[PDB]
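Participant: Spelled out from the first residue to the last, the chains are:
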Amino acid sequence: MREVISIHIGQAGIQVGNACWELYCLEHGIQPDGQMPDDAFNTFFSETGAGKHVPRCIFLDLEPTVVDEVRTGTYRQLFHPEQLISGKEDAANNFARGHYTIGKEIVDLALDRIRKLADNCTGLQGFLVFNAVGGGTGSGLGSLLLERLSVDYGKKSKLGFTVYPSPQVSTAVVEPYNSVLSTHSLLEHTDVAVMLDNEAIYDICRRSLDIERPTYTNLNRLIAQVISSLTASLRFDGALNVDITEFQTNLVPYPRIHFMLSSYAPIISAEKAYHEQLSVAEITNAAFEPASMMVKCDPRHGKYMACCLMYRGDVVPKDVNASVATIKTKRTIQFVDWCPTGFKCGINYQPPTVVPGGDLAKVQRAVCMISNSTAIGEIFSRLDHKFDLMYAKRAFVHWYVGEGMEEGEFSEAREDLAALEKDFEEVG
Amino acid sequence: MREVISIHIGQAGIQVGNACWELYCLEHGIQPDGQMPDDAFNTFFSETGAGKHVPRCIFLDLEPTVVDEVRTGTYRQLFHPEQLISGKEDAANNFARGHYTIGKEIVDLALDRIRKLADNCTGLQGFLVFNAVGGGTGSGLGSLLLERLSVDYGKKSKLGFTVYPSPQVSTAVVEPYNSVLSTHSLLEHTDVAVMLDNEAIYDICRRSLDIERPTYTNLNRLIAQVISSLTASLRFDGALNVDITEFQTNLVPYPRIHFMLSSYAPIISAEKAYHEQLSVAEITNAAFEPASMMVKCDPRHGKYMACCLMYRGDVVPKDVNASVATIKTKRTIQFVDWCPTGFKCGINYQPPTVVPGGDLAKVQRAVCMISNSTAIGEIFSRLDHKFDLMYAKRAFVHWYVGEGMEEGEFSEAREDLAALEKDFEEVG
Amino acid sequence: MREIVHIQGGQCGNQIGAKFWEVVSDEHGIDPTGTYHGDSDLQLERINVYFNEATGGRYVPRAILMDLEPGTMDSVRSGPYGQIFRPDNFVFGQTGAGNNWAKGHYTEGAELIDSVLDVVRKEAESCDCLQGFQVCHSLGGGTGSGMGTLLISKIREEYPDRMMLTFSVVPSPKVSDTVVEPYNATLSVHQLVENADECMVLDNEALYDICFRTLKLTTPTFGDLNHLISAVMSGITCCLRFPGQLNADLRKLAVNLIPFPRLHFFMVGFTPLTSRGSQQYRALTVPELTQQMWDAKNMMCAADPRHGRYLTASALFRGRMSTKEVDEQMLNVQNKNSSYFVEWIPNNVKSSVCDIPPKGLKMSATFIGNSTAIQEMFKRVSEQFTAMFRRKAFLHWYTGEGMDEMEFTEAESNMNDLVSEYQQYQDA
Amino acid sequence: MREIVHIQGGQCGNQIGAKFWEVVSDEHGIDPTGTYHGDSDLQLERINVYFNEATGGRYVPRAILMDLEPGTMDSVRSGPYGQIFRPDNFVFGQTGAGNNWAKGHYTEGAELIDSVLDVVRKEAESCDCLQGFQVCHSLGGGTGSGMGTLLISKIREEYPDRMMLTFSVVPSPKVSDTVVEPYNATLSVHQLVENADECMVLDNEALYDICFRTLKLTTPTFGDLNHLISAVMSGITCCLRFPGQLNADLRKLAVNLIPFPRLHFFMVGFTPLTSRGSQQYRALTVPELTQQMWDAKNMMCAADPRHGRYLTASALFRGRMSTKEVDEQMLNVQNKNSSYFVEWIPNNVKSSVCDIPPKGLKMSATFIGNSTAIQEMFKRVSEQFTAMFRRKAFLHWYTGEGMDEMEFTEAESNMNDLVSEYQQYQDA
Amino acid sequence: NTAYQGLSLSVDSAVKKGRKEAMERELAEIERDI
Ligand SMILES: CC(=O)O[C@H]1C(=O)[C@@]2(C)[C@H]([C@H](OC(=O)c3ccccc3)[C@]3(O)C[C@H](OC(=O)[C@H](O)[C@@H](NC(=O)c4ccccc4)c4ccccc4)C(C)=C1C3(C)C)[C@]1(OC(C)=O)CO[C@@H]1C[C@@H]2O
Ligand SMILES: CC(=O)O[C@H]1C(=O)[C@@]2(C)[C@H]([C@H](OC(=O)c3ccccc3)[C@]3(O)C[C@H](OC(=O)[C@H](O)[C@@H](NC(=O)c4ccccc4)c4ccccc4)C(C)=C1C3(C)C)[C@]1(OC(C)=O)CO[C@@H]1C[C@@H]2O
Ligand SMILES: Nc1nc2c(ncn2[C@@H]2O[C@H](COP(=O)(O)OP(=O)(O)OP(=O)(O)O)[C@@H](O)[C@H]2O)c(=O)[nH]1
Ligand SMILES: Nc1nc2c(ncn2[C@@H]2O[C@H](COP(=O)(O)OP(=O)(O)OP(=O)(O)O)[C@@H](O)[C@H]2O)c(=O)[nH]1
Ligand SMILES: Nc1nc2c(ncn2[C@@H]2O[C@H](COP(=O)(O)OP(=O)(O)O)[C@@H](O)[C@H]2O)c(=O)[nH]1
Ligand SMILES: Nc1nc2c(ncn2[C@@H]2O[C@H](COP(=O)(O)OP(=O)(O)O)[C@@H](O)[C@H]2O)c(=O)[nH]1
Ligand SMILES: [Mg+2]
Ligand SMILES: [Mg+2]
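Residue numbers (the deposited numbering), protein chains in the order written: chain Y, 1 to 37, 46 to 436; chain X, 1 to 37, 46 to 436; chain u, 1 to 428; chain v, 1 to 428; chain A, 193 to 226.
None of these hints come from the bench; they were simulated from the model. Where is the CB? At the ideal position from N, CA and C, for every residue including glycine. Warning: the hint list may mix true and false statements.
With a cut-off of at most 16 Å between alpha-carbon atoms, the simulated EDC-like pairs for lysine to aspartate or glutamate come out as follows [what the hints assert, rightly or not]:
| hint | chain 1 | residue 1 | chain 2 | residue 2 |
| --- | --- | --- | --- | --- |
| 1 | A | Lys208 | Y | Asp46 |
| 2 | u | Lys174 | u | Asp209 |
| 3 | A | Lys212 | Y | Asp46 |
| 4 | u | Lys297 | v | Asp118 |
With the Cβ distance kept under 8 Å, some of the chain X side facing chain u (calculated, not the full set) [stated by the list, open to error]:
| hint | residue |
| --- | --- |
| 5 | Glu207 |
| 6 | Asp211 |
| 7 | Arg214 |
| 8 | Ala247 |
| 9 | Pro325 |
| 10 | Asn329 |
| 11 | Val332 |
| 12 | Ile335 |
| 13 | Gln342 |
| 14 | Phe351 |
| 15 | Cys353 |
Just need the whole structure built from these sequences, with the hints factored in.
Facilitator: Pasting the structure below:
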């Protein structure tokens, strides 16, 4: 009845997809062999004729190496090999390669799986994309999908968890190009767009979890926790249940402003949890701390157009009414005038689960926050600057015009990043 | 009662027959030695004076090198040697040698075997030809034989499962010649004529079951499965029993237009069955997919003058009543104006049986689709082209005029295809 | 006296008739051995209406089973209540029907009527006062329509003063389980208008909704569809069998419902009807049964009563009650929805009532209405007919049995003249 | 006689009713089986106001539970008193509410109304003398706001004479558990005014206070707040259900409380409210219950009566007492703070009283108040509506369902006109 | 019976349909027994 289709494009998307699809099969007792020893899993699975529970996800990539890992990993007994999609060559950080040339031959395949994965649902909440902007597959291909999606459904909601090219740390050199080219073609198609970044979650691993060896698995674990929190209202009971429909209407004021931030709390190891009682106020305080955010953006330079808090575990709704009151009274937290309102709070009776061999602890309370703050226009300006700093020299351009592109889309996508940016200040 | 005389001309005809008469003796429990440890087999057998069950078929061929294989294979205890007709010399891919020189001397023999076989059947539903257009035996002889049949019965129905010369993959050089000549003769004689093709079935074994080494022994198992689901109501119970008379009055609107496509679903291996549920809506969707056809035709280039479905296994008639409605909603699929009707359905409570050593897996549902669609006039039009592409050079013609033919037949065989090609346009 | 002889044409009519003889065999409490094992005498005072005595105190139904292709007649003999029929009450021929109304009514019909007439006469002479006949058609197939109407015109010219029912199952307006279906519809109706006295129409579609919404059935098999038809078919003759403070012979139902000799197409529904959950809560009163019967869903044929006005109607209760309530209920309904009826008829309902309830229930009902709504159904068929007859599709089959084209035109002119009659007395 | 039909729209409305139908169910001494197990005949005399007779001597509540997203209705059915509801008294749609008042009132509302009207009428006729309606709304959410008001408009145009109560829970002035709250608040207010007769307004904030200070609860959960609303809702109709030396129908509350057909928004409170400890010190006297009911804290509406002026008021006592005391008490208070009352009404209170107390208590009370102080509620909503409408934030959602901008303007003006009314008679 | 009336409210999946039909058959069996 309440079912979501989770897509994982690029390398990072299918990397966190390993964590999320490890958490879920653990949270619901699903064994790696499909089967478990009501509606508790329907959102994420499809019980077969007898016994097995197949996850309703889609792993897509052009690099064969990683999808071939889950093919041999312990979780090969879960996914129907119709879900795992691969490709001979890769995109190699070119937009056209993912978008113009290679993408067009395989979209007819991926879309043929969704039409085979959507009809299985009678109540489809909305798509759930896992992107990684800055590369060829993630940006190039992912953008090519959403167009094929919106022409198909349109009426359906499109949600996206895209990691974003950090300002400081950058493993690529060309990512400003395809990132800008991604943002243009996704905007008129995505309905809401969450954003995150590794560097922030790197610090998050340092300050609170206190680990000096952060690898990609840890970050992917945290994204599993966040999303496990968001979907609890879709797959569990609790006061003030939330669904995607409610979520998107009270969080996107204008069609363009949908780029949003995130945060999680508590983020605590086994020991400091033993020296802690975890009052609902402390958790909702850290949740609004700009350091606990998952993006290197400062919300204290803008105003929260809206916020959405999803709690977890043992919470009673007066405390939420109490804590949010304490916050709306402070001064560091700004809001825009036309919304004296701006909060959509939710509770769930189901506590957060922990993964054996994982990094977090067993806690009875947990809070996640998603805010749409106009201060987000800042990180969009750095990328606005790096493009022109390099597009003047026309560096690396021969690749793009050499793979079925032109200079126009460089200009075209450029203005929308100015047209978007001016809109982020008209709300002031 | 309800019995059918199954003929097998040519090599491919008796090749496939080695698989059909494999599935049948397995479907009904008949051991390879004629006897099992009513009306469940009489349709395909004839209980002898004591014990044995002889298959009511005829294996006819001019090449001795293949019939003598059944004469020594494990399936000799089934066949009384008088069934398996042979010949000293073959047609050697010449229609005239199969129709004018050699075939004229052994029809009267086989005509006696049918006469010795039609008499044992009380209620004869109809004949079941397995021609293989593209050789000398299947084309020259089969065409010569059906003339000898309609002059005896005429009113009786003559079916046909005739493979067709593929557009791309072709293992002969003159098959454009004989194929044309066969149709010019069978058309006014047969009353229904299924078409199918090799490469379209090669892909199915590649796309669906994913076997990288398909062999003529693999395709034959699929042609075997198609017929079992067709003849189920002839030998089983279940809702909406369909008989050959009930199968053709509502499928051939005009006397000329009787060529029709085919399909089948589900077509999957063992593992891809354990990550599935295979709803009645899934099967009826893949059945209508132009990729699941066994002919290299594009149904979306025309409409459906009529269609038909033969379900199997556990089905309730409301979902068929419902799923067919869903298909009548989509716009990709078309139907001619004068046919607002057009779904002759059928159910059988008997599931499809799997052959050991086979590639398919066990399922509780199956759908064989048969449709007379006006889009088939394209594969008809290719052979319209290659024939005149060579007959302009009078190439290979010296064989035909030397073997009791002349140019008259070529010209008269030409006009009929043109006249039949305007017919597929007169329906629009 | 008042005995009734029963005829079962076609496959469906042969199959729903299996249940009808299974229900009433239980109502009067006789065993599959044909031996009576009830308790009261009311099971015996009017048993002679449905049965003939036999040696050893056995009862066999006064039924006839006529159908080509004797395959299906073995099923009913295999079922639980097959052993009660006289094997002499079986007429069949080997050749199938082919859905060709012609051969079912011109060639092969002419070959069995001489036999069937020898059987219907043999038990029409087994009745002290034969009330009337009743058949079970299927206006789609060839047997039910073709043979059925041929038998009917034979009876009518031999038993003119008697009454001929017809429990015909009409085709569907949306779904189409055959292809030539409009041809079998119109050609049968052109025989029913002149050769019938009461002709109910019943469809599978409305019977699927009735099984889905109300009964909450997941998978309505054909048994359950045939199960409901069995219930209604019994409900008509409660007065002929059981006592009643206000009894209703069929001859009085016709005169209370048919102001003009041609408007004899009725519309039926059964009450009470509920799932196993709601049965725990719903209470059985006359109000419940009269509001559920007067509803526009229970009409088992696919027509909207609101688009017409009930010329007349009728209701048949059975169970201990207070006859005043049934008098005023139909007085209120006639007063509230005064638009849904005509003016030239002051009181346009009849309220029969029986004294003995069904087997396990305590109260029940049965609705019958000669509403002008049905005119939609004939409107639909007269389009599909004039669609293909405008293109002469499939018409070569029917001209294969000496039929002509005027026979179609006359049949079509007959339906329009009929639907024009339903409009005159529908003054909006 | 005096039967009452009950509605439950929205999540909260589906939730408070779970208590209201749980408290009442124990007052009249029936078990979750639906069987009565009390002691006195008094529970049986006026039981027919809230329940219906069922087979086997069971009672089911005359309630209707409408809510999109049926996920919540599974909870109540799994609740301790979920087995009493008629499963056909459940209507839902799979699509989420979205809280877009349009889709709740324009698109998705329109789909279910025809179903709901079939349910109300189904049990509207189950009443001999239907007294009136009563609902359970939620102005922030879109289910209650959209559909409920959409249903209300449908009820009124088919039951104009009966009286429509409303237990709507009002958004909070301080906390906003959603964002688009003021929008759906106004668009519902624009519908309540013309199609309601008595509309209580209650708010979770004052509910948190009453639970915090007086009852000394440590953790008010949603049950407790709903446990409170259950109590008041049970106190209102104690006259319609139990004896009373001064009984009070609802319609006599109506005329005695609204002087003008538009000043129909009330304010409530329950008495006595004591923790466990104070209960052993406090003594139950009429003076106790009236000062507490007259304090400005028990007002579950987030308004201060000291800032407005009581046009009318009322009190319902239950428990054996002396009617002179209640007569002079209301006369004392009417004298003392004679500035909080109006002049042009000489006596502006109605003191009803019941003979039957609550279940475990022996005395109790309940206050109703129509004071102009509530105009502060609608002014706060205005500033939030006009601010965002000044910016047209979140507005594309609403126009996304065919709406225009006039409906926002009119709804603003109508509330503006309404708050002006409450000012005229508020002469300070 | 109480399980059959607690399992209800929008049977959506094939497993739900199967379990509810199983409950129907169990009910028929015990009604025949009692
Ligand atoms: C304890 C109890 O009340 O159980 C009932 C029952 O709950 C319900 C749901 C029954 C039940 O029927 C069904 O569930 C059903 C399913 C598919 C199609 C038709 C029916 C019942 O089977 C039907 C059965 O009714 C009869 O036996 C009637 O007398 C009926 N009998 C048959 O049709 C019949 C024939 C052969 C073998 C078995 C049954 C009948 C109707 C017309 C004329 C004569 C007899 C009974 C009392 C019940 C069950 C067992 C649950 C209902 O059926 C009838 C016709 O009574 C469905 O709607 C009614 C309402 C009943 O309350
Ligand atoms: C031994 C004894 O007397 O204990 C009392 C009790 O001490 C107090 C504290 C009760 C108690 O109420 C609460 O604890 C409570 C908790 C949260 C919110 C509201 C109440 C009591 O539960 C409530 C309960 O009241 C009733 O039974 C009423 O008739 C009430 N019934 C219910 O609320 C109810 C419903 C379903 C199942 C069980 C109880 C009622 C209210 C409105 C309309 C009809 C009936 C009683 C007398 C008591 C306890 C048990 C402690 C109080 O409540 C009521 C409604 O009487 C709270 O303040 C009052 C004053 C009572 O003295
Ligand atoms: N948080 C997190 N980031 C990852 C992870 N794996 C990769 N990334 C980031 O993904 C970005 C590279 O994206 P790619 O997937 O290689 O680019 P692409 O769009 O797929 O194009 P190709 O590389 O040609 O396939 C890098 O910035 C990585 O830091 C992970 O496991 N967790
Ligand atoms: N599907 C299928 N096609 C086959 C098979 N064997 C042969 N064919 C095809 O049938 C055609 C030739 O069949 P033959 O029977 O050998 O030709 P012929 O009618 O006997 O004529 P002559 O060879 O001259 O005797 C070719 O297109 C083959 O590819 C088989 O086992 N399965
Ligand atoms: N209620 C019910 N209807 C059936 C059943 N079987 C067939 N029907 C319908 O009856 C029609 C077929 O008529 P049929 O008797 O099989 O063909 P005929 O032998 O030429 O008369 C079709 O419209 C079927 O859908 C059944 O078992 N139960
Ligand atoms: N007293 C009480 N109020 C509730 C409860 N649950 C939700 N509410 C309020 O109900 C509002 C949400 O309305 P909702 O019905 O869930 O959304 P809708 O489905 O679109 O109508 C929120 O503002 C909550 O404060 C509850 O359990 N008890
Ligand atoms: Mg990559
Ligand atoms: Mg050959």
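Participant: With reference to the structure, classify each hint as holding or not holding.
Facilitator: Structure-based check of all given hints:
{"no.": "1", "hint": "A:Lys208 <-> Y:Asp46", "in the structure": "9 Å, holds"}
{"no.": "2", "hint": "u:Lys174 <-> u:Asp209", "in the structure": "13 Å, holds"}
{"no.": "3", "hint": "A:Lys212 <-> Y:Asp46", "in the structure": "13 Å, holds"}
{"no.": "4", "hint": "u:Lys297 <-> v:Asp118", "in the structure": "12 Å, holds"}
{"no.": "5", "hint": "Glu207", "in the structure": "31 Å, violated"}
{"no.": "6", "hint": "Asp211", "in the structure": "30 Å, violated"}
{"no.": "7", "hint": "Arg214", "in the structure": "34 Å, violated"}
{"no.": "8", "hint": "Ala247", "in the structure": "5 Å, holds"}
{"no.": "9", "hint": "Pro325", "in the structure": "7 Å, holds"}
{"no.": "10", "hint": "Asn329", "in the structure": "5 Å, holds"}
{"no.": "11", "hint": "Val332", "in the structure": "6 Å, holds"}
{"no.": "12", "hint": "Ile335", "in the structure": "11 Å, violated"}
{"no.": "13", "hint": "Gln342", "in the structure": "15 Å, violated"}
{"no.": "14", "hint": "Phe351", "in the structure": "6 Å, holds"}
{"no.": "15", "hint": "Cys353", "in the structure": "5 Å, holds"}
Going down the numbered hints, you'll see the structure goes against 5, 6, 7, 12, 13, while the others check out.
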